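Only one chain is included here, represented as structure tokens and corresponding to the form solved without the partner chain.
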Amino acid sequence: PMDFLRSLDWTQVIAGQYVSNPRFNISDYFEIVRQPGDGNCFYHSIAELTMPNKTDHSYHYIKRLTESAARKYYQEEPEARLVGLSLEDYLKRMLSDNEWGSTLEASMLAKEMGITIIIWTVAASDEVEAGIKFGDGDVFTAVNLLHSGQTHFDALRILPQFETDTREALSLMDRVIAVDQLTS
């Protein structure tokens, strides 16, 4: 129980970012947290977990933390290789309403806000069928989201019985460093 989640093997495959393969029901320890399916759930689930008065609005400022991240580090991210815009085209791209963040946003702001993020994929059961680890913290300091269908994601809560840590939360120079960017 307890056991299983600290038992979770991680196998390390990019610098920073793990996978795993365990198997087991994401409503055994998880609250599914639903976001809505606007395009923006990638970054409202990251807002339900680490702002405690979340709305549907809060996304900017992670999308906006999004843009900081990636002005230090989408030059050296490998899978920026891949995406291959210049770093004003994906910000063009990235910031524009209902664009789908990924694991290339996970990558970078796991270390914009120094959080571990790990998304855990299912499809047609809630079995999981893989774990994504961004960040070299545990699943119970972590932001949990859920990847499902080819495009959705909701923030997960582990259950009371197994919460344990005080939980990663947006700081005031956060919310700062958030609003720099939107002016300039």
The other form holds:
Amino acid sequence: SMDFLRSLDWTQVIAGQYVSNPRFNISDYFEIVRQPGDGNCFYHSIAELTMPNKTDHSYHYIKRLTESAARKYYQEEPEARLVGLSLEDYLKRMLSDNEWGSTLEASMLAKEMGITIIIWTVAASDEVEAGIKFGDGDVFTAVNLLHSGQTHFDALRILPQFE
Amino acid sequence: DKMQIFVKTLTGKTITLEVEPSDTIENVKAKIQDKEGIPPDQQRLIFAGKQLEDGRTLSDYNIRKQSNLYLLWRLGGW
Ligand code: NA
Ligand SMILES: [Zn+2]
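Next, report the structure of the form solved in complex with the partner chain; the form solved without the partner chain has already been given.
Below, the chain from earlier opens the complete complex, with every other chain and molecule after it.
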């Protein structure tokens, strides 16, 4: 069980987006770094994993990177089709406080920041239902997020004994 | 003209849908909502690397009987 994370099998579903359905409990392999449930926790979670000396206000930087990413990528992002807003109208809502981030922003930030983002999703349990991965890196180099409930995100860090 | 297609969901379940070639993508999303409860505006239906668009039919995408599709959905967002 100690090498489990080396065994993950990712299937590409659309360009640069991969899915896996491994059977494991999140807390067996990851430290869960809880984020405030203030509507900004997608961006709080990315900040925890990418910004040194992260505070409750680090997320503003990530949202500015999301704006930069969207100006490059929004028009061509397949998930942006579900939003249905022009770029400028999307940006005005995205940048508003307490507006929820999503898999769309994960896709764009992965490209903008040059990183791989994995969102692991659970449903009222420690048990993983799925992982969705934006970018071609592996779990050991990725930014790992935990999606729980409808819109809540926390940050994950691989536990040291699995490195 | 009834046929079936297979849809693998983000969470790894394979479901079987009863469809017709003239069914639109929106029609298929409605069938998926009936079976899995996912709102159509949250659904990302994918075939052979392409996210399918509302307003098109299964025929337009060369989706024949026993085709295998993927269903992703948004995580988070408004
Ligand atoms: Na996306
Ligand atoms: Zn602030």
